[PDB]
Each structure stands twice: as structure tokens, then as C-alpha cells.
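Taking the form deposited in one PDB entry, here's one chain by itself in C-alpha cells.
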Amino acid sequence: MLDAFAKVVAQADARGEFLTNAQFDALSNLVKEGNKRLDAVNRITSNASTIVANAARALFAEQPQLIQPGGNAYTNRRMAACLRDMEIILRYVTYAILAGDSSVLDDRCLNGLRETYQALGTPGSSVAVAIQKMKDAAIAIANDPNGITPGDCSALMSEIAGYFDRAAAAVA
């Protein structure tokens, strides 16, 4: 597992070099935007149960075949397993937001997941729909302009978007 700082260090060691000034300045830039990164993780975390629930209700209304007898989310054991999977993806995405790097997400979550769904009979394209719905909910909560000191968080919302998409691409 790396973070954005350790990333830069492991690259410089590969060629046996001290850091350039450009690199110190880019890492100083990271540290200065850190408050906003912290607001985003707290907001998304404090509403975790509602993000998952509403995305689930949405998917089953659009794709009602998933819950008909014979469906991949029919019976309470398969429904519970589906709900669990959503909670987990959302967790490893919040980890990667803190770290500022996708390595915790790729290495401990997405790696091998496509093959798992194909072996179980779970439709991967359906999962990717669920991820995309959690994304749009999360960005709205994090970038809500109320009850916070005003400023610009757009570069951060663009980075966040990236992590959700990456999870989506990996299952489909």
C-alpha cells in the first residue's frame, strides 16, 4: 500500500536520486489542500448507509428481473450478499481518497473480482450500474456548499470521480 508521498519516494529510489525542487513544490501543494480532502472523507463516511440504500432501491426498480424468483438477488441470502458488496466497494474507495492513490483499491478489492462474478453467475454490467449511482450521490454530498467555509473543490471532485469509474470498469 502506498500513499501519494510514498509513491514519489519509491520512484526516486528506482533511479537512485534525491528529489528535485519541482517535486518538493508539488508535494507542498498536496499538503496545502489537505483540509478539503478531510472534509470529503468525513461527509461521504457520515452518510454511508443512505448512499447504499437509495442506490439499491433505484437499481431494483430499473432492473426488476434481478429480484424475480430465479434472479441473482432473489432470497434474503443473495440480497444480503449484494448489499454487502456495495458497502465494501464504497469503503475501499473512501480509503483511496484519504491516501491520494488507487493502490489500496486495486490490490485488495478490484483485483480478481471480474473472474469471481463470472464464476458465480452474477451479471457484472449490473454491478457497474450500482457503482455509478453511488458515485453521483457521493459527489453531491461532498460538494454541498452549506455549513462549510467557501472555496473551490473541483480538482478534488474530479479525482474522486476517477476512483468510482475505475471500480466500475473492472467489473464490467
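Residue numbers count along the first chain shown, from 1. Just so we're on the same page, rigid core means the largest C-alpha set that superposes within 1.5 Å between forms. First, how it differs from the form deposited in another entry.
For the listed set 26, 120, 140, 53, the sole C-alpha moving 2 Å or more between the two forms on a rigid core superposition is that of 26. Once both forms are overlaid on the rigid core, the distance between the two CA positions of residue 158 between the two forms is under 2 angstroms.
Go ahead and give the structure of the form deposited in another entry, now that the form deposited in one PDB entry is out.
A single chain, with no partners or molecules, comes next.
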């Protein structure tokens, strides 16, 4: 995997170049804002079980076909596999947030996942919706103004949304 620093290094090496001032400035800004990144990872991680379970309840309320007999989340084994997948994806998203780069999520979670679901007959579009519901809940938790030094984390929240959306787009 790459973190944000290794990613810039990899981009520079493929061009045979020392880092530009823009690359140095981009990485310095990431570090300057790093406390917010740590709060986001801490807050999402500490609430991971709630984020998954609430998102699952919301998915099945919206898509009852998934829990009708014969549906892809019917039977406790399929429901448990579905809950597991949601937790797995959330877990790799939190790693991407810590790293500031999506490579860990792409390489260890998303690559091949559409094809896995296609072969199972799992509706990837429903997994995408589950991811989106986790996204909204994770951002509300990461961006909660209570109990934290006030400041602007909108850029980070857009980055976080990007990783969730990348996961959803890879399975839809």
C-alpha cells in the first residue's frame, strides 16, 4: 500500500523528478491538518459497530426484497456475511483515511469485488447503497461539532466521502 507521502514519491519517481514545490506544499498541508484526520479515524473507529448496524437496518427498510425469503440477505448465514462485508469495507475505508491514500482500499478490498458479487448473485448496487449509508453516518460522526476543538474539517470530510464513494462505485 501507499500512504499520501509514498504516493507522491511514487509519482515523482516514475517521472525521475525531485518533488516540486507544489508536492512539498501539499504534503506539508496534510501534516498541518493531521490532528483532524486522527479525530476522524478515532471517531469512526470507535462507532464502527453502530455505523454498520444502523446502515444495515436502513438498507433493509429501503430494500425489503433483500430480506424476503429467497433474497440475498435472507437466512442468518447470508445476513451475517452481509454484515461482515459492511464491516470489512468500513475497516478498509478507515485505513485509507489514516493513510491519506486509497491504495490500501483498492488493493486489499475493492479489487475483484464486483466480480465476486457477480458470481454470487449479490446485487452490487445494494452494496453500494449500504456503503453510502455508512458514509453519511461516518461523516456525521467524524464531523460532530461537540466535544472537540472547533475548526473547519470540510476538506477532510470531502476526502472521506471520496473514499466511501470510490468503494460504492467499485461494486455498483
